[PDB]
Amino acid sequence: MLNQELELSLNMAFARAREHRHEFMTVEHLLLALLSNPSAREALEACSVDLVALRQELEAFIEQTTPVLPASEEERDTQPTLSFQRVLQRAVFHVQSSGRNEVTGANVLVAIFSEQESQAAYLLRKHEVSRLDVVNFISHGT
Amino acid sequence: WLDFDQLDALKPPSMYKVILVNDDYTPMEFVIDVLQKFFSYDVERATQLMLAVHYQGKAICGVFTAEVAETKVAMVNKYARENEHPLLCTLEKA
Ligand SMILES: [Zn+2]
């Protein structure tokens, strides 16, 4: 089960995207939302990430590269990218493969790294964060 | 709505060209439909791109991020499949 705080993050990310008329909800919308998700935010703070700079980089990339739906079309609305779907499925898989059920924003953060052609993964690695850094924080704290 | 349950040198990911390939069965009207529906082209430009697909064998519909390109390709191919046309949509590094 995706926990309450994760569900809140996902639903608000999707709503923001819909209000801006974005054709897609991306892994970058996802990472941007995780910055204010306690579980993922804590993990990133432990990795000494400049969250103000990462926020700006994500916001700039999202508005510049995400196509916007025409003002005259109500047959099709904001959809998740395949990459976004894979990240959620992977986070659930990783948690279940450890014999557990609760999925947090930190588990979703771990799963983002496997989308190697995503800008989100690139930015995380640019900020010196590795998949293992997050997993170590989840398992052992700071 | 969406159901979230059920649905060292470092370089940035590259951009991708989204391409429409020609075939002998897909009607010109459908190719134009696809260009307007999934790429937001007006009738004029959609018609020009359809002719390019027809005469050149292929045509670039747009350039997007790897993530967006992959999704657009799947959406177009799913739409062609639902309408029973062998219209092939692909992608390649820009
Ligand atoms: Zn936006």
The other form holds:
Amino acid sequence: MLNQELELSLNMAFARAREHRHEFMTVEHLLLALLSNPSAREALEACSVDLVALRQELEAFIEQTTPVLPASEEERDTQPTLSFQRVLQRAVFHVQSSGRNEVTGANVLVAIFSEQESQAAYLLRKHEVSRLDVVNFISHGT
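Now that you have shown the form deposited with its partner chain bound, what about the form solved without its partner chain?
No partners, no molecules, just the chain.
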């Protein structure tokens, strides 16, 4: 049960990747998409996170590391990687658990912290985004 705003973020992520002809989408692409998601953004702002700085470093890492489909054929569409899928499944089933019906961008943001070795998680720690703070804000919100 993905809420309207999360569905949009995810569609925008796919749209962005297709535009850039990126061969795959990782959890980094996901976090980038979420910086514009109302639910996730509100949670980051509550933590006084510099979203401008975070987005720029995130956009840079994606460009320098994601393969661009050669002018050739085949593939056409981008494919979500295991990190992208795991995070989504984690959020979905965590929400399923005694809680609400809708999955929000904030729920997805929390699930990203579980991808410990990801550059996405590395960047959140770098910019001082505490998972403890994100969780408390969400628990007392919807």
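Positions refer to the first chain, counted from 1. We call the rigid core whatever largest set of C-alpha positions still superposes within 1.5 Å between the two forms.
Annotation: the position in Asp77, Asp50, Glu63, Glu102 displaced by at least 2 Å at CA between these two forms, with the core superposed, corresponds to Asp77.
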